[PDB]
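S.K.: Chain by chain, the residues run as shown.
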Amino acid sequence: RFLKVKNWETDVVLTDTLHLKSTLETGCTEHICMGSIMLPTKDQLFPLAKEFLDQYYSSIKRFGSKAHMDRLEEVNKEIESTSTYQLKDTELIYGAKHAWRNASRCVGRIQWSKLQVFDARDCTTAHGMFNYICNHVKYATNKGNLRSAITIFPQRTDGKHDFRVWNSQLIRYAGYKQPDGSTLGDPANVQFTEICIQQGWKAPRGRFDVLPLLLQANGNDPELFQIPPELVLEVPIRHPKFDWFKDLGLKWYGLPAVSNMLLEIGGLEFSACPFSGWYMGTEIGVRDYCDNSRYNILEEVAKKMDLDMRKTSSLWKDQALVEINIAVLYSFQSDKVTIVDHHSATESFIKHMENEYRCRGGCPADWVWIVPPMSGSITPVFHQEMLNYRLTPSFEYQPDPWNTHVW
Amino acid sequence: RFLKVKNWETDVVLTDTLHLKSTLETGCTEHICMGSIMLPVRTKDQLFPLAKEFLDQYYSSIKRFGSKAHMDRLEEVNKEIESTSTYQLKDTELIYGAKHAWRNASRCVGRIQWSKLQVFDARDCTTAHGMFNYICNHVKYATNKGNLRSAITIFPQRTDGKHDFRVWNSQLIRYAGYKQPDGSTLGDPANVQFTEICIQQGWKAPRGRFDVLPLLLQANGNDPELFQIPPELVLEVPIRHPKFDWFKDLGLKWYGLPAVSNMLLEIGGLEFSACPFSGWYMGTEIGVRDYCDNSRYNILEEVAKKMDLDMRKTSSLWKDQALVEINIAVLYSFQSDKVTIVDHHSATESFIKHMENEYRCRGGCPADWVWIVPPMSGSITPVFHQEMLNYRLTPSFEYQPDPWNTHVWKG
Ligand code: HEM
Ligand code: HEM
Ligand SMILES: N#Cc1cccc(CNCCc2ccnc(-n3ccnc3)n2)c1
Ligand SMILES: N#Cc1cccc(CNCCc2ccnc(-n3ccnc3)n2)c1
Ligand SMILES: C[C@H](O)[C@H](O)[C@H]1CNc2nc(N)[nH]c(=O)c2N1
Ligand SMILES: C[C@H](O)[C@H](O)[C@H]1CNc2nc(N)[nH]c(=O)c2N1
Ligand SMILES: [Zn+2]
Numbered sequence: 016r017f018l019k020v021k022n023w024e025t026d027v028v029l030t031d032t033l034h035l036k037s038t039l040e041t042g043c044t045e046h047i048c049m050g051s052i053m054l055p056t057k058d059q060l061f062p063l064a065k066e067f068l069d070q071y072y073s074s075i076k077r078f079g080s081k082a083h084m085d086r087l088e089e090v091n092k093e094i095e096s097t098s099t100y101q102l103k104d105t106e107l108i109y110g111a112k113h114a115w116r117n118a119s120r121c122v123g124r125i126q127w128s129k130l131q132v133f134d135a136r137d138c139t140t141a142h143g144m145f146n147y148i149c150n151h152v153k154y155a156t157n158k159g160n161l162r163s164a165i166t167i168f169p170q171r172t173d174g175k176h177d178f179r180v181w182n183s184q185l186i187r188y189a190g191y192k193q194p195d196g197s198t199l200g201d202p203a204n205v206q207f208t209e210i211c212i213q214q215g216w217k218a219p220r221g222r223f224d225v226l227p228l229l230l231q232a233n234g235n236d237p238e239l240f241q242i243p244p245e246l247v248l249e250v251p252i253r254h255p256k257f258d259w260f261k262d263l264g265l266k267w268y269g270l271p272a273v274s275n276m277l278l279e280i281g282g283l284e285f286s287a288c289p290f291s292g293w294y295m296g297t298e299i300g301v302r303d304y305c306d307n308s309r310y311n312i313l314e315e316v317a318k319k320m321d322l323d324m325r326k327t328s329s330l331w332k333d334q335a336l337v338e339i340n341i342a343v344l345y346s347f348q349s350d351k352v353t354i355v356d357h358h359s360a361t362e363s364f365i366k367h368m369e370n371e372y373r374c375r376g377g378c379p380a381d382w383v384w385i386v387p388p389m390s391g392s393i394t395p396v397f398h399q400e401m402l403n404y405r406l407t408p409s410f411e412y413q414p415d416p417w418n419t420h421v422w
Numbered sequence: 456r457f458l459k460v461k462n463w464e465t466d467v468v469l470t471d472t473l474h475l476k477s478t479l480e481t482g483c484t485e486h487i488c489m490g491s492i493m494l495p496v497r498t499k500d501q502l503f504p505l506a507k508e509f510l511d512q513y514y515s516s517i518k519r520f521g522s523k524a525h526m527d528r529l530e531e532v533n534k535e536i537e538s539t540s541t542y543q544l545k546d547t548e549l550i551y552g553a554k555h556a557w558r559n560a561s562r563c564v565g566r567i568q569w570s571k572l573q574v575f576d577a578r579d580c581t582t583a584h585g586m587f588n589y590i591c592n593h594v595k596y597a598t599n600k601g602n603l604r605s606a607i608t609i610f611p612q613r614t615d616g617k618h619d620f621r622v623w624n625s626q627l628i629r630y631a632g633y634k635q636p637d638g639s640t641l642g643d644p645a646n647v648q649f650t651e652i653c654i655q656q657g658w659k660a661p662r663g664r665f666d667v668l669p670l671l672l673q674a675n676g677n678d679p680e681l682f683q684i685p686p687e688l689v690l691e692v693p694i695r696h697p698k699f700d701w702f703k704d705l706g707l708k709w710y711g712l713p714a715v716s717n718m719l720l721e722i723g724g725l726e727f728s729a730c731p732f733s734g735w736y737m738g739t740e741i742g743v744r745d746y747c748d749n750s751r752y753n754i755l756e757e758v759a760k761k762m763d764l765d766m767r768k769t770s771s772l773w774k775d776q777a778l779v780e781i782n783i784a785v786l787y788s789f790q791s792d793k794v795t796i797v798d799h800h801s802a803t804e805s806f807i808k809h810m811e812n813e814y815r816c817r818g819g820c821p822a823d824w825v826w827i828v829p830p831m832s833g834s835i836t837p838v839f840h841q842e843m844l845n846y847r848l849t850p851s852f853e854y855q856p857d858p859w860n861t862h863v864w865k866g
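Just so you know, the protein sequences line up as chains C and Y, in that order.
Numbered as in this note's numbering, the first sequence ends at 422 without a single skipped number.
Numbered as in this note's numbering, the second sequence ends at 866 without a single skipped number.
Since the hints were derived computationally from the structure, they do not count as laboratory data.
Beta carbons: idealized from backbone N, C-alpha and C, even for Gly.
Fair warning: there could be bad hints in the mix.
Short, incomplete list of chain C residues facing chain Y, as computed with Cβ under 7 Å [what the hints assert, rightly or not]:
1. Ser-37
2. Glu-45
3. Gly-50
4. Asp-333
5. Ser-359
6. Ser-363
7. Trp-382
8. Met-389
9. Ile-393
10. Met-401
11. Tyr-404
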């Protein structure tokens, strides 16, 4: 039960002890591996709080202290009285940093302890939510010198007064269904772009329209707000070699900000906790641009490159894929917006694994998600065995609000 | 139980009932997934139910379940087991077994071809010389002057684990690797240890960059013997690029026949420790892994230089750019010489169809996403977007230890 992980390129072996702490289930069994599957009371609450405070207090070298036992009693009483409890600012920050640290699908976790935590638990309205988000966006963007941040809205109570950001990311481009069956803009957001328009939103109906924010506070109906454009940093995409690339008329946004996840800390649930870091190049160039159910531009680019598209054997797609990804990197770098290529990021994740195994006894990791969607085996993470397991505090998926909301 | 898998690019949802027939363990638990872990003398006590399970399958496949022929066969096997401690498969059962082991091989993307497998029965073999002969015939038949045919040669099964037949080579055809005293490496670094063994065993090495290794062959538990495959039986392809003329001057070539020879084949509880099989290459096996892995020939540098790429920063994606051209050259060279090969787009696409068909006809298709997804351009192949369930069915191909670590030397 003391598992080893091997890097097959370096023969480096690491021993994993951290997994023994894990409590939540993987979805796997002894008979079947589900590693490639995308989606996996008062009496419940106190042991959860206890486990968290124990590790919090251990992390600061006061395990078993008076202050430890005291915080424990104090929280125990508040749960017994209120049926919930409130985190101290220090515990909140710790919890958030550790949810990131525990995110087995995030390749950028080497940065985990440098997170800026915005406490938004005093928020009561969607306008208030918008204000906190504009502040997050402006701060995180930092004129292109990106800084990791999370903003944390009030925790769930009854489940009918949830704070929710309806957007999947704070900044995304619209998707419109044409009359000729086609799709203009981002196909992933066709449904959300629909709801925004359903709720008002004058759609410019372009290829790249910044979606409006759709914010839900205390379980009320959601409200539309438009992010000040001067806060949405965007990058025109050109190639350092192909002058015609400019004329594809592509661009992307600089701030990658996940807004639809649920943050769990010491048994408490934060249903609205948008966070942001900075892009790995492939997220945009490989997935956003070249995924078939997304912008799917491969053909158009290969046309422009005059490649033999008559046989898959020519690897025309691969050739275009590389150039596109070159362009993305080049463009962000030229405009001074933070970005990391898949080589640097995976190399840094390897060193991070080394660090975590050394100081924590392990690092949960999802190989299926960690390995970049291009050039897999020429990145070191490919040759790195990884153990996947769920530690708390965590970021979890949660249902889309429009399927759930008592509208 | 019933399990659903979803393709996130097509929304196609498939239902798996087949995983219920799985008996062997995966390595995972409710609390840990070991899906990325590379690697995660039998008594009459356990053997008959293993026999029966296999015989029940086989007779179901031929639509004779519960027949007198089925029942008599069970009876015959049971009697032979308790009298002799083991049993022999009929030719029909062996062929079925070998094909289904391939069919059940969750790490093989080439399984659309599973039913077209040429089975050579080498169970009458007694000596290494005999093994060489069988293996030569296999290579000649499988190669077929470039028009490759999938085949497997099956040597006698294990008895007491002291008389194992083994092919010591990891593949029937592979290049030698030589560690130089300066730390550098000549040839294929993956083969340094094995190359050293052959040399110790008496192989006179030419010490080049592409020396075809000798066969090191073990029959009946005896010490292994060296043989040289007749060079005219080894089809090789010089690698060139369709636009880049300096590419041929890299001096690269590869062999045409990919043949795994170190695995163990299990059928009805019987263990076949020598069972070399061969298909044909997916281009990335060579162009990406063989040529570009840092721990292999590792040509990215030399290629990128000759391409005059900006090699100063990784952000230029010079490595990615070179990798593509190399894989273009490998596919080009094989097609030009009419030697069977398949690109990663074509092969993954066929696998999806195979998979869909297996779910409908068989109730599932065990697959290892980690291995099925090609080592370049992953998400522009449809397998990246396919949820897959991994589980173990028998008959099966299993890993076994390297014979030099276990062999008892007669002297
Ligand atoms: C700062 C640099 C960062 C980099 C380079 C980075 C990189 C990535 C990448 C490439 C993915 C895969 C996303 C996908 O394929 O959909 C990912 C996922 C994820 N990241 Fe990060 N990230 C960063 C910051 C953060 C921060 C600040 C947090 C939280 C505080 C975070 C938490 C997560 C989580 C929970 C996932 C899984 C998302 C999902 O399952 O959909 N990351 N990250
Ligand atoms: C006909 C063309 C075939 C193609 C294109 C193909 C493709 C592949 C590829 C790309 C791999 C991954 C190898 C690696 O990355 O190390 C693989 C693995 C495997 N294949 Fe095939 N294959 C073919 C035929 C066969 C045949 C004839 C058999 C057996 C009768 C077979 C059984 C297996 C097994 C057992 C593995 C796992 C190997 C391991 O774990 O080391 N395949 N296949
Ligand atoms: N549910 C769901 C679900 C399934 C597959 C992918 C998805 C998107 N995952 C996040 C993608 C994304 C976008 C922008 N930014 C970031 N990001 C930023 C820092 N770390 C990740 N991540 C969600
Ligand atoms: N143990 C082990 C282990 C770890 C990584 C790669 C490995 C080789 N896997 C097979 C490679 C290979 C070579 C030639 N041919 C084929 N081949 C033929 C048909 N299907 C695959 N496969 C073994
Ligand atoms: C089916 C498969 O699990 C799915 O396509 C996964 C594969 N790996 C991934 N990896 C990352 N980083 N992001 C993803 O969306 C996915 N999708
Ligand atoms: C650690 C990791 O599982 C290992 O590098 C695997 C990844 N996927 C693979 N996939 C294939 N086809 N072949 C391999 O050798 C590997 N190696
Ligand atoms: Zn698993």
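S.K.: Could you run down the list of hints and mark each one as holding or not?
M.R.: Outcome of the hint check:
1. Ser-37: Given a least distance of 5 Å, the restraint on C/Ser-37 holds.
2. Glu-45: holds, 5 Å
3. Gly-50: Holds, because the Cβ-Cβ distance from C/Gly-50 to chain Y comes to roughly 3 Å (cut-off 7 Å).
4. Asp-333: holds, 5 Å
5. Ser-359: holds, 6 Å
6. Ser-363: Status violated, d = 12 Å.
7. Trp-382: holds, 4 Å
8. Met-389: holds, 6 Å
9. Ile-393: holds, 5 Å
10. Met-401: holds, 5 Å
11. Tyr-404: Holds. Min distance 5 Å.
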